[PDB]
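Listed next as structure tokens is one chain, alone, in the form deposited without the named molecule.
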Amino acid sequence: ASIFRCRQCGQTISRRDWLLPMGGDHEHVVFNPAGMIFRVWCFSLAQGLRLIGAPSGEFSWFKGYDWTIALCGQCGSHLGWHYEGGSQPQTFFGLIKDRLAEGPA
């Protein structure tokens, strides 16, 4: 199955095999308080990121979870968020679909 790389630089990030259907669907379309819309795809696992700062519960799109911004560890592109502090699963990643490129493994 296909893998996901950072659109800006090609860093390996995740895999289609690691999609996670949260609340029944791997895709959630959401807005932040600055009104930016995101098509977030949920993955159980990702790599090649760099998580910035400390976790926050504020404005979390997923109930019970705290988030941290996740950048591409290579180019710094904002690729999504890491979620933790929750239940079933405790942790996962929400990645912005249009910031990733999908392709062969």
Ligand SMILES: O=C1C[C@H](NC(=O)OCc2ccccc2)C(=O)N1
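Shifts are known only where both forms have a C-alpha. Definition used throughout: the rigid core is the maximal C-alpha set that superposes within 1.5 Å between two forms. Numbering follows the first chain given and starts at 1. First, how it differs from the form solved in complex with the named molecule.
- The two forms, fitted on the rigid core, differ between the two forms by less than 2 Å at the CA of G10.
- Core-superposed comparison between the two forms: the CA of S87 exceeds or equals a 2 Å shift.
- Core-superposed difference between the two forms: one segment of three or more residues with every CA shifted 2 Å or more, namely 85-89.
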Contents of the next structure:
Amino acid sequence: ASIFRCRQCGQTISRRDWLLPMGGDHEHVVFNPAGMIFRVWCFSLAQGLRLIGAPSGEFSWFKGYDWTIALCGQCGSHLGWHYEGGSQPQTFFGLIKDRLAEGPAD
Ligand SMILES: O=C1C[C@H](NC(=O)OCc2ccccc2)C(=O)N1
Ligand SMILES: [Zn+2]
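Same protein, the form solved in complex with the named molecule this time rather than the form deposited without the named molecule?
Whole complex next, starting from this chain.
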């Protein structure tokens, strides 16, 4: 089983087997209105995160879902976002691939 950890501190976050094909693919290369560019990978489940702020629909990369910022719960690195449906209760995470390290369970 392949595991995703926080690249900064090694906190365990998610699993390759939780990748989620939102819109057809887990990977979305996106930018926010301020011009920050991210390679986002969608996961159905994740742990080790602290969510901050209120949910927002602003410029959501996944139509019909609102986002909340997700930090590493250990080190405070910005690891991505939590998404929740605006009209149904599904949830998932969009995590910044380059802020994760993928490797074996060990
Ligand atoms: O789906 C989304 C999430 C994303 N939000 C965003 O970039 O908000 C600003 C921000 C929050 C925290 C760290 C960086 C930028 C956005 O514009 N669309
Ligand atoms: Zn961390």
